[PDB]
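Work the whole structure out from these sequences, hints included.
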Amino acid sequence: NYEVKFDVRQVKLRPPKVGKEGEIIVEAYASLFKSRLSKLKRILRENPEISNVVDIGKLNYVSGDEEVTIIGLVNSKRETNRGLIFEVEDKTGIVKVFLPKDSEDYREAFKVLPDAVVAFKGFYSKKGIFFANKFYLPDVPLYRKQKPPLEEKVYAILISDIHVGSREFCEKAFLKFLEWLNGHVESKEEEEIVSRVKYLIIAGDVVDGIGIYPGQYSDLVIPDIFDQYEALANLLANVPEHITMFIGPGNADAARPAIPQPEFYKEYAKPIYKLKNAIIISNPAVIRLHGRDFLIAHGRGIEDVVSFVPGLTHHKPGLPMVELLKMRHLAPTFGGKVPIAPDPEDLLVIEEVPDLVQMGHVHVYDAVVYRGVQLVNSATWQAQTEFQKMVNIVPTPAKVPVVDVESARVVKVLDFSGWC
Amino acid sequence: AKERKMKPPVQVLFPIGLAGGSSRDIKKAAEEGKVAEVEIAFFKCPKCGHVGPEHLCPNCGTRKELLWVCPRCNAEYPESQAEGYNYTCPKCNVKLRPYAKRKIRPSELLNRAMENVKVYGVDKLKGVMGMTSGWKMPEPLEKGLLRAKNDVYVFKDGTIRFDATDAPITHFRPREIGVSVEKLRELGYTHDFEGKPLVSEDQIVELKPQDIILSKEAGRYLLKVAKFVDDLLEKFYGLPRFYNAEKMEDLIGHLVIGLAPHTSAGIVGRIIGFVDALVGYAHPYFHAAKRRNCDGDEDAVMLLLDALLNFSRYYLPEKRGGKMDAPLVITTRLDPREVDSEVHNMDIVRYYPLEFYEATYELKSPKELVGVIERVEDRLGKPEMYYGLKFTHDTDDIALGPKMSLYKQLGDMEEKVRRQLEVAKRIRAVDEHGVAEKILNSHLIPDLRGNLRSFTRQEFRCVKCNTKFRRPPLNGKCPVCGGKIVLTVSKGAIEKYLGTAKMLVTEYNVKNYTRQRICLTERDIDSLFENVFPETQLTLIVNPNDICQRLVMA
Amino acid sequence: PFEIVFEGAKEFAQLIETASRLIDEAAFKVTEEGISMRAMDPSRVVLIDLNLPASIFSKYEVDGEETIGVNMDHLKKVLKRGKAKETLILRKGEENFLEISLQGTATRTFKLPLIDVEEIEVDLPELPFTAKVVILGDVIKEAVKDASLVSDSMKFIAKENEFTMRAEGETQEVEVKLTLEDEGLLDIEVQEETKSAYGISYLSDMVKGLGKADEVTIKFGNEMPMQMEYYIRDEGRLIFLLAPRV
Amino acid sequence: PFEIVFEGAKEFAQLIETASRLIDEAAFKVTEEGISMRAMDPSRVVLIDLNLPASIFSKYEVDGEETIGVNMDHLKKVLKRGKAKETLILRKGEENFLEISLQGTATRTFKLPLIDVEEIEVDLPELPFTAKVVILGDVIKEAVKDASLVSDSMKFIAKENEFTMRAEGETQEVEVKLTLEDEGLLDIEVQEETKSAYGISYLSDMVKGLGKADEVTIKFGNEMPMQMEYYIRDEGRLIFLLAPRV
Amino acid sequence: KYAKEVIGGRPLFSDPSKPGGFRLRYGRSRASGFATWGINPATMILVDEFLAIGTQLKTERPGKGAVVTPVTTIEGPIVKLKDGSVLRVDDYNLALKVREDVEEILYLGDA
Amino acid sequence: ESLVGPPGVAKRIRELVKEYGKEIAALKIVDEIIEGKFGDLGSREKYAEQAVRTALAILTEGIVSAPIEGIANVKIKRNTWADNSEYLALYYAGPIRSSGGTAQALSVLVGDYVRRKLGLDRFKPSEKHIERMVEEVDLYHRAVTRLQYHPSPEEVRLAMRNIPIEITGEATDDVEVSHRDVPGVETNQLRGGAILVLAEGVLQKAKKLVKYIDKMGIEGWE
DNA sequence: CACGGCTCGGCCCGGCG
DNA sequence: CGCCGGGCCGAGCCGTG
Ligand SMILES: [Fe+3]
Ligand SMILES: [Zn+2]
Ligand SMILES: [Zn+2]
Ligand SMILES: [Zn+2]
Ligand SMILES: [Zn+2]
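So the protein sequences, as listed, match chains A, B, C, D, E and F.
Numbering-wise, the first sequence is residues 1 to 420 according to this note's numbering.
Numbering-wise, the second sequence is residues 421 to 974 according to this note's numbering.
Numbering-wise, the third sequence is residues 975 to 1220 according to this note's numbering.
Numbering-wise, the fourth sequence is residues 1221 to 1466 according to this note's numbering.
Numbering-wise, the fifth sequence is residues 1467 to 1577 according to this note's numbering.
Numbering-wise, the sixth sequence is residues 1578 to 1799 according to this note's numbering.
Hints are computed from structural coordinates only; laboratory data are not their basis.
Mixed in with the good hints there might be a few duds.
As the list claims (entries may be wrong) - Interface residues of chain E toward chain B, partial, derived using beta-carbon atoms under 7 Å:
no.	residue
1	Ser1480
2	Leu1490
3	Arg1494
4	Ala1501
To be verified - Using 25 Å as the maximum straight-line C-alpha spacing, the simulated SDA-like pairs for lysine to any residue come out as follows:
no.	chain 1	residue 1	chain 2	residue 2
5	B	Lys454	D	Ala1417
6	B	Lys922	B	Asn965
7	C	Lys1133	D	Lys1331
8	C	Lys1186	D	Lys1303
9	E	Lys1563	B	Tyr827
In this text, a Cβ means the ideal position worked out from N, Cα and C, and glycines have one as well.
Here it is as structure tokens:
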């Protein structure tokens, strides 16, 4: 009982023509942030606490004593001695907001990423500034209905960052994973788990790719992108046919050079499509398993959250995931180290609050629940790269999160690093 | 051997602001009669009380005293007064500025200029958008008119420079440089390098230290500088002409200050002829004392009386002392002692001795035999540093050979690489078919990939509100402007080298890694835009054997 | 080693311009039957087919058959220097030059170094063309210029006894209908419903150089290339082949 | 839901251009009496007053009264595509589009999405105008083009039975005198000495589009705005109102 | 080092220390010597006129950055004409005469 | 004398070079500078300025603009983190790269000598000084411009511990650093002047440098 | 440190007139 | 023959490599 709920192939986009090609693009990014502002705006306006919403351009028509709420894109974010000075911009115009140091959501406003959609409750000074008292992120429902329990326990497993072909690939540990699913386990408990795992998921970088960075060629055991995906097919082929696999690209696969990513290039990735028991999904994607909502991303933007949030350090990668879940958007940064492809309609936005969040691409294992959400980072299968050494990276290879479907929760953090 | 044109070409140092348009052409601002607001310095006629940015009075013709300004109280004080006040206001505790953002009537000024120097037929007179000097004292317009009238350009100090790749010589056959043996007898050259009396135009003379053989480019431009300096002596200063140059061969004997970049001490030199190539020759003591490396370095060459008449530190920009600088002082006598180091190793032997040639075979390091072969360190101190050098190999001409590289007559990268790599099939040595590509092919891969990575992280910018929002405004309008925002790194840039780089891969055996990288980057360029530039125009003749598709069919 | 004499050099220069605005080089298959041209754009989107029967020339002297290779740009500037009625002559002997002689009030001689042209021959005979229409020149010329306002892709719709053109952009809409009843529509041959779309740019390159006294043929089918044709002095006509879009 | 039929589309496009060169958008107050226009430049320096009595139209069908809101630029490109004698038609039904039908040799249909125009109505009736002169079109057109040489502000001087224009720059001087005796000065109505100055740019936007067979009216007083007028097919005339300088 | 970077349009004249590149001759002509080289103008023409009088060709042995300057006495290229004949081409004018038939430049000759 | 003065200094420099050469006559002139033979400069930092400029000028033979374009300033500071003792702080500028490593390196030597003649103390950086400096090394080499010689970090701290004078100046690029707001370093950006003088100078040409130490017999450089 | 693309005025038209 | 809307080019003018 699976379902590919959200998929970027599933939706269709249409370019709005206006001799110069550039004029059509610029427009295209404009439409992108447009659909952003509409989507997140709508989500904030589904909040009960948020009332008296107004256009920012009309803040002159509202009294300095009427309590109004504004929803807008955070242009900039400048902290000072008395609080924070934002420049929120909605579809009408631009306004500079202030939050005092001693408001309740002041930490929240401290950890918000620029270019997001936020909501403010407060009072617009006639001086040309909006003095806010309350901060608002699209965030998540605080009281969510439980679900009907399932007929019996069934499991799904988390993995990502296979990075096939790179000589850093801890092939042996992965091989003992494949044995592990195949019942050749060492406890009766793990045999019951394996008895009932029906689902496997893989969130990007399933081959280490080609030309991903200067000197990748030194590291490639298999310097042939075709052979990377093909050999990957030969690994995953040994999966028991009574499990279903879902696979999504990353920034290393043969997929789009920005996000979102519709799918693997069929020309290069044909070998894995041929798999009978796998289902190739997009980035991001969302899969409803027995009514369970699994948000799946490869999560380029965690590098953004840690890039802009001093006070979130590595080895604790549940925190950035909590950030991205809190802004309901998978990479609301722009122009940093995550590439956002000029489409019309932002597909990245976390539309529905899901049950569970899977990411990867930093290989630092972590799990954390926020407001009934199971954030989890399926770390890797790659030992630390020399390149990862030069950038101060420390993998946690061969760590496999085990998840029950029913409670939508991580149950058993396997570790196989002893086989690498 | 180009000229030295500022990036916006300049012809007079007079701030004009926006009032001239894009190229800050002052004469447009004049005939258009606009009025300017530019920081400038004004002087005040003590006799009459006239005020204006010029040096001499219109009323009475005496020198005008500088006017100082408080930026707070806007107080104006003649020079001696602000000398007393130590250039700080009496009722303001602030330093007195020399200049102020002011109102300039380009019309009446330029009219006074044409009235003064008697020149009217100027096509344009390109000015300076804004004085960057500390004083921001402007050049007199008359000099700008004379520059324009002769079409010579100016550089930041007020001197006219002329870059030329410099190369060394030490002996020259007067046939080569086009000079009469009697003339050379007039410059001092008595006897050729073997001491024999100079009688014929085919004896190798020894170049004396500070002579230089300019390229006929430099003749053809410095000639214009000569007509400038004459017309400036006469029409503006009211003096006798000085060069009387009519052909380039009139300049022979007139001094030119050779100046490097990066330095501030130029060397006086003398011109003794011309050649045809684009390289200004000189005795290596010259090229060294000018601090050159002569590993391809490029140098400036201004005329003497020009740099005297037209230079003043007041024009020197105040902050960015860059890669070029101005002749703060000029040397008039080489001494190869305090010149440089790299000269001190030249081989000045008439022929390398037998002991050397046999001494190479066992790969002796060079210092193991420095005592054998004469050098320049082995003549310092003695008077015979200048007297006699030598050289092993004769040339026939110093200029014989193709006088302009084929690189500059090649327009399109598409066939740029086709020439660049056209050659390498010809030679035995290069072995293109595998490495001229792959080295060069590696370069193609890096630029395209870099642009592609960057594109998704770019910035935006309007033509009129330079302010580029790190994001598109949903409206597409702009501040101040009601206009549109242009894209910084345009999609024409990403696709600029696919034609070549695809060509190389379809022709030359290149390692599969780079091939798959390139076809793969093709697919990435397409799928990066599968939702803005959809696939619309079908084509009728499909697959002319493209390496990408025919590769994938494997 | 031939010589050729054609009158009304300005006309010939016009048509050579027409061929010029799409390709940059091309070869002329001169045969004793006549002068022939055939080439395709760089984009592989349009096919120019020039056919010149020797009859059109006031004098036609070919000895054998040979292929000329010329810079269409240089020839375009040259021929463009001819005028209304001055006589055109094309001579070629042993050397690798083409001699163009413009003699009206006086004689003027030009020489053009012939250039090798790598020939990619793709002959495309009659194809399944659902509809076929003849129409005055300025009709289509006006129409294309109109579609230039609102979009970059002009859509053609051929229905029974009725020919209609259209194009739509963001907001604006452009439509041009006309039938046999209308004056400018000389003929319609409707087999059934036909519809296509074409690059308005390419069409603009096509129809420029058309007076009101210019009849044009158009064969095409549902989502397939157009073939346009028009005669030149009633003997040698030119034919373009434009691939559709989408 | 109206329809309108006007002949000589090129003329109407010319006048719409005239209105176009000063404002970018504008609304058309269509009434059963006729089509009306009234708007002001961005600079608040000139007032364009268009008056179109229904009589001028070969057919005039209005059902009620409504205001059209159109992009003067888009309409300008559209109408500009009409020619000398082809017939103009303006249709509007339920939807929010304007349908322009150019039918000469053929019919061509365009559609323009109407745009909302925030109306700032400033009606300025007759005002104290000291002098009032009629003059041929090309006279003033030549004159303005002359003052373009020497300056940017053209000065007008009206004396008893004599009309003189002038402008001065840095050294150049331009003067244009003419009286009732002269041919081009059809009329002068001198109440007393009048003098003003006006932006030569704005005047250039005004008088462009004037043949020799164009009569122009000019009312104005000492240091106050000019009002220019000229008729269109003898029924509906256009009137500009230009604020002076200094 | 010199072959590390290859900008487009910048030719490569000989692989490092490969026999067929600029055969070496110690010496110091009238022009050269400070830091430049000399070179037979024939080899400046048979390379299709890329090199000029001063084009800084990046060297490898003696030091990066040698300017070029003509020296007619040293020995220029050895070429292979299209018809198979092998020709020693020492002087300029002969190089102009046979630049068109150069099927292969065996030896760039002196420096 | 005409580049950087002081007045009359040429007459003396010709003699002193007549007896001792270039290098030695440099230091002799330094002495007569601080001894006031050419008149009073005023404050101690003005004597520092004059002697440093004339020194480096005579050393590079006055043909470059390091003595003018390069050395931004000269200051006297205190080891306020270590013991509050005085030391000498040199403010370079980016154009010093133009005059190459050697002239850069000699700028160190004079900077060491002058403060000694002025009875000043050695410099004693804290580890935040040192590590911020090495950070400047890696970033400046990585992104701004590739140094001719890229030294290891240990070598960098070596110099940082072993140069008695401060190699500093105004920051040259908009590149923020991690060891922000170190005592006395009034900017948290990369200082390409101090960086280049550090790496391409004393490091890249330490051989020739100790050649000048040997020719001048100046202690403290073993 | 150096190249190409992109857009901008200034001449240079061909067609309407 | 004039004008005027388009064409072609020289000029910034940027960017990035
Ligand atoms: Fe990863
Ligand atoms: Zn990844
Ligand atoms: Zn006076
Ligand atoms: Zn004051
Ligand atoms: Zn703007």
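Each hint tested on the structure:
1. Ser1480: Nearest chain B Cβ about 4 Å off; hint holds.
2. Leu1490: 10 Å, violated
3. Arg1494: 5 Å, holds
4. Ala1501: Hint holds; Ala1501 (chain E) Cβ to chain B Cβ min 4 Å, cut 7 Å.
5. B:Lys454 to D:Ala1417: Given that 25 Å is the threshold and the Cα spacing comes to 18 Å, the pair holds.
6. B:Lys922 to B:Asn965: 12 Å, holds
7. C:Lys1133 to D:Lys1331: 22 Å, holds
8. C:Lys1186 to D:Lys1303: 14 Å, holds
9. E:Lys1563 to B:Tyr827: Holds, at roughly 22 Å.
Comparing the model with each numbered hint stated earlier shows that hint 2 is the single one that does not hold.
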